[PDB]
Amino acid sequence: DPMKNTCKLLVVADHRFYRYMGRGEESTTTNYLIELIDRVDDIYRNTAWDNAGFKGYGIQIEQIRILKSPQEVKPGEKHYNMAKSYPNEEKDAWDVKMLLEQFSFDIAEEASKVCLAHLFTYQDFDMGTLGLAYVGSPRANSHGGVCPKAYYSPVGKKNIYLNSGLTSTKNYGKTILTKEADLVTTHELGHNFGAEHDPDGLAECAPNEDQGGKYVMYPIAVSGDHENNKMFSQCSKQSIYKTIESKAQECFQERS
């Protein structure tokens, strides 16, 4: 049903992104995200998941939430948009896995109404980690990835949705390039769409430079100049195709 071909996403910019990437300017933040998502959409929509005519599936922004200032929290409590990092304050960044969980927990209400939710931040996660996401799946009862399917958090005492992921544009005290940032998000949304990492050894899906380089689902971000960098491997295609063919009817909407 090439009608429901768009995964609408809730894009969230925390206060660090606003200040550090948007330089405290709303329009700058907004334009950076819209343009990034449009370039990610360009890759998706032109991808034929079956090497045939099964294309035109993409991502579009349903809403942008820009948190201009840090979230105020009563002592003892945490929030993904709070001034301090967690669990170790002294550091510039949160523990990456812990931040995604916190974001999922706090955005629950809003994430429940969209195909995907994505957090954009600006913090130097350890060992050069740029982002992460919950992997999607065609399994009728899949919790992570595309389409909200409530997961009950025992400690949270409420329903949270794992239709999320996050991108940071900061790394080793420096701002990454747009070309690199676009590929980080493509890759994280990629897990959301059901893809796993492109494997080596098999390397049909992880070509060497002299062949066009790695495809977007390779785990090492590195550059973005080689041709394959902006394309999904055959491994990701198979994987994503099943997920889409199963979940599109459940939460995808009409384009534009």
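Definition used throughout: the rigid core is the maximal C-alpha set that superposes within 1.5 Å between two forms. Numbering follows the first chain given and starts at 1. Residues that one form lacks are left out of the comparison. What changes on going to the form deposited in another entry:
The one residue among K113, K179, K97, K158 whose Cα position changes by 2 Å or more between the two forms, with the core held fixed by superposition, is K158. When the rigid core is held fixed, the Cα atom of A203 travels 2 angstroms or more between the two forms. Residues present in both forms were compared between the two forms after fitting on the core; consecutive runs of three or more with every C-alpha moved by 2 angstroms or more are 153-158, 201-203.
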Second form
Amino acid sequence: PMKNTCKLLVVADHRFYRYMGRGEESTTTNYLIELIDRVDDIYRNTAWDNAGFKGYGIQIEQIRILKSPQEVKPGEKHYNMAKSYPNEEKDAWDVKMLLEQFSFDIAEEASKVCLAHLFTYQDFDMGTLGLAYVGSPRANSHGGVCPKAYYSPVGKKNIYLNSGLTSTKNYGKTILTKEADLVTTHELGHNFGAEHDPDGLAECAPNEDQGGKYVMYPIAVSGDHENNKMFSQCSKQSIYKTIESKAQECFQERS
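Since the one above is the form deposited in one PDB entry, can you give the form deposited in another entry too?
Shown below: the chain alone.
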């Protein structure tokens, strides 16, 4: 019961620093402190087993604010580089490659925490807001909560897929504060072991009259409905199993 907190590495790239933090370290830091805290309220108050398996959440261990782009040599790349990859003409990276790059460059630091999350400000194609590796109760699981090394031929080092990312820009504008909270909650949800909520008899995708959809629905919920900020029964079952298996592994006490 004491090891109930997933310690985070939170990173804000130069884009987030500039457009969301107004180029100020204080504003950027406070934004991300407050957002993670709001997301934590959702997590801590969720009873994963619909009883007393409550009190599990997230807490920032380290915050890194990248104030300027990462100077890069020819043919070389970095998640914090000024240009988007692989298509320099696009407003955004390709989201999958960005998450992959982030994990590679931040490997050393990620091995020290339960999860690493990247906050950026770029307009991913076709309406995408965030992405994350799915966690699992499986011992040899490679993804989600807890740093489970994955050798990387090319970097002579271990890489950890205990990561996810959130962008606060979509369709040419800054998304709402309540929407940003839902994106991170959703991505961290995957890291905690949840898959997407399915439609049908499973009770995991209610109609508007029944409170609306839950946070792990694949199509971004608005946040206007009661169930939008909460986890469905389908997510609870998946996450419950993951937490009970990995909590002793890398979770720590709340600070």
